[PDB]
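Given next, in structure tokens, is a single chain: the form deposited in one PDB entry.
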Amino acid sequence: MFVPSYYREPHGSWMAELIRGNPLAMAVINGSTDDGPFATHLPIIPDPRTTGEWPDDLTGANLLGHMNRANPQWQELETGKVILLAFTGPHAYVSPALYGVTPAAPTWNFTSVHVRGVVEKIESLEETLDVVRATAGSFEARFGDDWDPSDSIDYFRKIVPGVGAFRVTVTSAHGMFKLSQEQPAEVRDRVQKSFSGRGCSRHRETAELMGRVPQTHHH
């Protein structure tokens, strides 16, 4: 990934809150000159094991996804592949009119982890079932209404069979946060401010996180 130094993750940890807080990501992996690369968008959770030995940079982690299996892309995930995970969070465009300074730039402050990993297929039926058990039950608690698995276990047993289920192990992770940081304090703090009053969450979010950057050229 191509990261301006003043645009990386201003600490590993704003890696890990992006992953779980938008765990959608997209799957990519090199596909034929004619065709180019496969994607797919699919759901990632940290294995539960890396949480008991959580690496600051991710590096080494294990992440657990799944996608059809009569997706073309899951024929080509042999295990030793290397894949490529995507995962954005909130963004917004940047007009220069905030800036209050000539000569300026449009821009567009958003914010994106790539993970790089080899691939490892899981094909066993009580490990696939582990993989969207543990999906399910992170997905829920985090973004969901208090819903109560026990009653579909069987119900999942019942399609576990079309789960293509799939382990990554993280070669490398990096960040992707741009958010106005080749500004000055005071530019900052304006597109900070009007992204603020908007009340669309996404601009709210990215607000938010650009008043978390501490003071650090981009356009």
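Numbering follows the first chain given and starts at 1. Take the two forms, find the largest set of C-alpha atoms that superpose within 1.5 Å, and that set is the rigid core. What changes on going to the form deposited in another entry:
- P55 is the only residue from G31, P55, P184, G162 whose Cα shifts by 2 Å or more between these two forms, the rigid core being superposed.
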The other form holds:
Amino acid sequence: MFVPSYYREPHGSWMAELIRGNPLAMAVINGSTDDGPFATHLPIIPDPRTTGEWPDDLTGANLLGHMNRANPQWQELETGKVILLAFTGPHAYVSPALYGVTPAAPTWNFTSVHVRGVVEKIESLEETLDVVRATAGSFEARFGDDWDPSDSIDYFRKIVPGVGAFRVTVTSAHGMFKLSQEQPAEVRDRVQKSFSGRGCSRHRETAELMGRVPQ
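Form deposited in another entry, following the form deposited in one PDB entry:
Keep in mind that what follows is only the chain, not its partners or any molecules around it.
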């Protein structure tokens, strides 16, 4: 990932935090020169077996995901192939009218974590079922409303052969936290103040991140 030094996450924990809150990654692998790369939006969790919860240095962590086995990307996934998992969080257009300085150019403040690693296809039906059950239970606790999957386990069994589950062993993780760090602190405060005052929670979320970087 290409990241200007002043936009890197100040601490590794920022990356795990963004992934945890936005775990529907874009999973990308190389394709042919004619077709271009493959890309699928799919849910990622850390391996409950080993990594368990989200660490602050992601190197060597084991992640898990799943896709549709009919997805052509599944057939191109091979054990040993490299994969990119791109996670995105809050973002907002920055109008130079907020700056109070001239001259200027507009920009877009945004957040992204690019995780790269090596794929291992999961072939066991039960191991595959464990992955999706771990994804379900994890997300429901974090984002849901106390839903009990007990009465659905037979349903999970029935549809699970269509699940293409896989493991990713992380080789690198990079965060892009473009949050106006290139601007003077007074300028950053005006942008942050403008964002925190809008009824859009995405703008609010961007302002919160902006106020977290050191002065």
